[PDB]
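Engineer: Here is what each chain is made of, one letter per residue.
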Amino acid sequence: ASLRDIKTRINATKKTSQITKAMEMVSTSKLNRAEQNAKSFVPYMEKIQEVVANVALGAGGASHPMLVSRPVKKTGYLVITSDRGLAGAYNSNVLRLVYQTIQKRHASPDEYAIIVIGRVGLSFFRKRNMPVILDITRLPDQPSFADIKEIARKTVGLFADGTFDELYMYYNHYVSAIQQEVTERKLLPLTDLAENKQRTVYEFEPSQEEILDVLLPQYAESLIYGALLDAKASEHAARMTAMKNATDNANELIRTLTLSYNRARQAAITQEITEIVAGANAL
Amino acid sequence: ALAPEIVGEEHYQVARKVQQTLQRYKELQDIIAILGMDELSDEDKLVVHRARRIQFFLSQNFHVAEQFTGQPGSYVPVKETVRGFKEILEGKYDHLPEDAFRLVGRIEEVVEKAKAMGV
Amino acid sequence: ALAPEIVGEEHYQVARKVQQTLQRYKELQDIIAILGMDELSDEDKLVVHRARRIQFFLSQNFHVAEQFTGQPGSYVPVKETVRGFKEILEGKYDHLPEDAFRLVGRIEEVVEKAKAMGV
Amino acid sequence: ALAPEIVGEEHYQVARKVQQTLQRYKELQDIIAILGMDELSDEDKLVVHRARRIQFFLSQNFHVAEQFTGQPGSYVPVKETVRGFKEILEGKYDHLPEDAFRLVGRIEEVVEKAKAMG
Amino acid sequence: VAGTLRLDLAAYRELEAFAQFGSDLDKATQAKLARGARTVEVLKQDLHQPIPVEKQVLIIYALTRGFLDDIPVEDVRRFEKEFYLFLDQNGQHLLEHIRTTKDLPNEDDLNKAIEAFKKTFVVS
Amino acid sequence: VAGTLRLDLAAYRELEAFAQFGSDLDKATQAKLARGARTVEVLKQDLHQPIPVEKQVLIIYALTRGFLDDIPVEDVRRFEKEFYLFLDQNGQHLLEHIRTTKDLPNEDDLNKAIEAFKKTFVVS
Numbered sequence: 002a003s004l005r006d007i008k009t010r011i012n013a014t015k016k017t018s019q020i021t022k023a024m025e026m027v028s029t030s031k032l033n034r035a036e037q038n039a040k041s042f043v044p045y046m047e048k049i050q051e052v053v054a055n056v057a058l059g060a061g062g063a064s065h066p067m068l069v070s071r072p073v074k075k076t077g078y079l080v081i082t083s084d085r086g087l088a089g090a091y092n093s094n095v096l097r098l099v100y101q102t103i104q105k106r107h108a109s110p111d112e113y114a115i116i117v118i119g120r121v122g123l124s125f126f127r128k129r130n131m132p133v134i135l136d137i138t139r140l141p142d143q144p145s146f147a148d149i150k151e152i153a154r155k156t157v158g159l160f161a162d163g164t165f166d167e168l169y170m171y172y173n174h175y176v177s178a179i180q181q182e183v184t185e186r187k188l189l190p191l192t193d194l195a196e197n198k199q200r201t202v203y204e205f206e207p208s209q210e211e212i213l214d215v216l217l218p219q220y221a222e223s224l225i226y227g228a229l230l231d232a233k234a235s236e237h238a239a240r241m242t243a244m245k246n247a248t249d250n251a252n253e254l255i256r257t258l259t260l261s262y263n264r265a266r267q268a269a270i271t272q273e274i275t276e277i278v279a280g281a282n283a284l
Numbered sequence: 353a354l355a356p357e358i359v360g361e362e363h364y365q366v367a368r369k370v371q372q373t374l375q376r377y378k379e380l381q382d383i384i385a386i387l388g389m390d391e392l393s394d395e396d397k398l399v400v401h402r403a404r405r406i407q408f409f410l411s412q413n414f415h416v417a418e419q420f421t422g423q424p425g426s427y428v429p430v431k432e433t434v435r436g437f438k439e440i441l442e443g444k445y446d447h448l449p450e451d452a453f454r455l456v457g458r459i460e461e462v463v464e465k466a467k468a469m470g471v
Numbered sequence: 353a354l355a356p357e358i359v360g361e362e363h364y365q366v367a368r369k370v371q372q373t374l375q376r377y378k379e380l381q382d383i384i385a386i387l388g389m390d391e392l393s394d395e396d397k398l399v400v401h402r403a404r405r406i407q408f409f410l411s412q413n414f415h416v417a418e419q420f421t422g423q424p425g426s427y428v429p430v431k432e433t434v435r436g437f438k439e440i441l442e443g444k445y446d447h448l449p450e451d452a453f454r455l456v457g458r459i460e461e462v463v464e465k466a467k468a469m470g471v
Numbered sequence: 353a354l355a356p357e358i359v360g361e362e363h364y365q366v367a368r369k370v371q372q373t374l375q376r377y378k379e380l381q382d383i384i385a386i387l388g389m390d391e392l393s394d395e396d397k398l399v400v401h402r403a404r405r406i407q408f409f410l411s412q413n414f415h416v417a418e419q420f421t422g423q424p425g426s427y428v429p430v431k432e433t434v435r436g437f438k439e440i441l442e443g444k445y446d447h448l449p450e451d452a453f454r455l456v457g458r459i460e461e462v463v464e465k466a467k468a469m470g
Numbered sequence: 378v379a380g381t382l383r384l385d386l387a388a389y390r391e392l393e394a395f396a397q398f399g400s401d402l403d404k405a406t407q408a409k410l411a412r413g414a415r416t417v418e419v420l421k422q423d424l425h426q427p428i429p430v431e432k433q434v435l436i437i438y439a440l441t442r443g444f445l446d447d448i449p450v451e452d453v454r455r456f457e458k459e460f461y462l463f464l465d466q467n468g469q470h471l472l473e474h475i476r477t478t479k480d481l482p483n484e485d486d487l488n489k490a491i492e493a494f495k496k497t498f499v500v501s
Numbered sequence: 378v379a380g381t382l383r384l385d386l387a388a389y390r391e392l393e394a395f396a397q398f399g400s401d402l403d404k405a406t407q408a409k410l411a412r413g414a415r416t417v418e419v420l421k422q423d424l425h426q427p428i429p430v431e432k433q434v435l436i437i438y439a440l441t442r443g444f445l446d447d448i449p450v451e452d453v454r455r456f457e458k459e460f461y462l463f464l465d466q467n468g469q470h471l472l473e474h475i476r477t478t479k480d481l482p483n484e485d486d487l488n489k490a491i492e493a494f495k496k497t498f499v500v501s
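In order, the protein sequences belong to chains G, D, F, E, A and B.
Numbered by PDB author numbering, the letters in the first sequence go through residues 2 to 284 in order.
Numbered by PDB author numbering, the letters in the second sequence go through residues 353 to 471 in order.
Numbered by PDB author numbering, the letters in the third sequence go through residues 353 to 471 in order.
Numbered by PDB author numbering, the letters in the fourth sequence go through residues 353 to 470 in order.
Numbered by PDB author numbering, the letters in the fifth sequence go through residues 378 to 501 in order.
Numbered by PDB author numbering, the letters in the sixth sequence go through residues 378 to 501 in order.
Each hint can be trusted.
Counterexamples of contact, computed for chain G against chain E with all Cβ distances above 12 Å:
| id | residue |
| --- | --- |
| 1 | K16 |
| 2 | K48 |
| 3 | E51 |
| 4 | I103 |
| 5 | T164 |
Taking CB as the label site, the calculated pair distances span:
| id | chain 1 | residue 1 | chain 2 | residue 2 | range |
| --- | --- | --- | --- | --- | --- |
| 6 | G | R186 | A | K404 | 33 to 43 Å |
| 7 | E | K444 | B | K458 | 30 to 40 Å |
| 8 | G | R264 | F | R454 | 26 to 36 Å |
| 9 | F | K369 | D | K444 | 48 to 58 Å |
Just so you know, the hints here were simulated from the structure itself, not pulled from any lab data.
Yeah, the Cβ is synthetic: ideal placement off N, Cα and C, and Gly gets one too.
Could you build the full structure based on these sequences and the hints that come with them?
Structural biologist: This is the structure:
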């Protein structure tokens, strides 16, 4: 290798290292914002869980709370993915789990459909032979409820319409900055709730059939929303960790290339001076 | 000879802007080759978009280059080339494919060569 | 001697395929060096998966090396070598761990030691 | 020379602990920049609290620096500085302000400066 | 003024490469980024046009005291060019004070003159 | 007892690199990390303190046969020191057997001696 090539490699690696360090800092800030949003979402989940637990021990004649609303048929799959790469195994783990599950238990294209958030999932399932019915690609870094409430409503209305009889959602769960766990949750039909201060909620008790027609879609929509905050936090943490690792690797490569460059420079000086002296004393 | 009093203020400014754009583009290649174009900002994406077209339009077809290109050569005046580079800097032809600028002469031949590709 | 009329057509094809996969892995090593295997496409990931196992299966335990590591050496016929490398290229043993391909002789010993370890 | 065989076990331990604390503080610099110091765990905040005081106590008023500062200079024995750094590490002066360590000699001068500051 | 100028330039040169991600406004580091960009725009100069030391001091004072923080970087050159004429028209007392005593004039008078020019400078 | 230690130390050194990057390591990897850390702890030594080969054999045997798996990492050097003292106190028969025969003594006797010392040893 020549000195020019080594110098160009060193400069390119230094630039890449700087860019990755900046990306890591930005990802740390975004992770903190996502964590505070997840903290803020808690009271709404608490109140809705309390209300649903208080009124889900009633006659339960609605379609949603049925243990088996309809028998085994087409099943809807909800997956949450990112819009950009550089997040490590964030997308790969979820897509692998989804693919393995749908291959092991379904074995037919007619009985499964995919609801996908994030363009990488679209690309994956389009490259495969996969039927996808609902799509959403763009989404803010700190997403809000109204951002994709319009797709959550359609997702719940598809189950209410009988298009598919089962709901599963797959997303990354945030445990720590280093640990992200792929999580599967049975979304619909509603199965179970909590156990404390029972009955407190049904004091007013307005008519049950009419109240459950509106209360339940709301609980499902809150479930999709809780899944997006966790997914965004996991994505930000994964990006931060990947950028930190890339920066460290780039720094080590810079060090090794600098060592090689210095050795080459010394060798070149030795060769030039040896040739000079040999030519000078050859007279 | 590249001085405002020797060649003209508009020519000097357009040449300096072209040089600045190309210098900015040269730095972006190192990070592009690793992290991809998707991680670039909206400003840098436009910088690359215009710089590639400028670099491609810097090409020309020579009269003596018939043996190597088949197509004949051309003669481009300084006013015409300054005008064309000013238009490209302003971004009039961002929608044109980058391949349409290869060995073309003027921008008129660029927009006519684009028709051959259906653009 | 690596010619189709000297070693055989299938021998030549297997050798060429192995060399091609190893060359592709050597090309990718620069990207894996900095940003790992996450950004590789599905094709490049499979190329790396096959190339690592091929590279490890190229290792062998020697009779002379028994003094250094207590393991006994092996002698592998060329027909068995060709069959094993063709099987690895075909993807028969993609599920085996890559550490089960080191310092073995025939392709059956890879399966034997993979069974000896967790599988 | 920083080896327990020739500098002393206590001296070696104190120096190693000081270097470790300063290395931890250096590591925490980027997170202290990006997020407020409160976000750090209580252990990290305690580490920073010790490290800033140690970093300020590493300074000294020189005899030849009187032409710049007006104040006299100090000559600190190695045993005195070892004892001072040990006491600082043991948390004896966590309640003192960090500016009392800025430019002094003995560890007692930090206490005197804090008393004068009030 | 040179001490502040040096720190501003250093805090721009390091912490550079955050500009692209600073486009997404974060941490209020954009203040340092804008100050560094304006400093870089101020340090530019043309051919065979030396600047008197008093005018250099005045423009560096204006930059370092934050009087350029609301002028966009595209207009810094025009600001300086017109500020020199405004100085030689209505700040002869300040110029003479600097030339004679080798020291800055009163900060109140400096702020008065700079604000008087700045209210007349049209931003475009 | 030496072959296991040699290959393990070479590999542990590269597996720890994966451990530093952060991953959900399995139970086998956790066991390998623990054994490698304990090997690194036992292989350290101080200045001008050579150790007889008979004592080296016993300490490496104790490391390799898992007798140090429940000892915390920070206590390994103290365990080795106290084990050498206990050996000088009680294992003269084993030490003399090794010196005379250049071979390991009864493995049951070694296990009994080590498990007897572990009772007198104090953790942390």
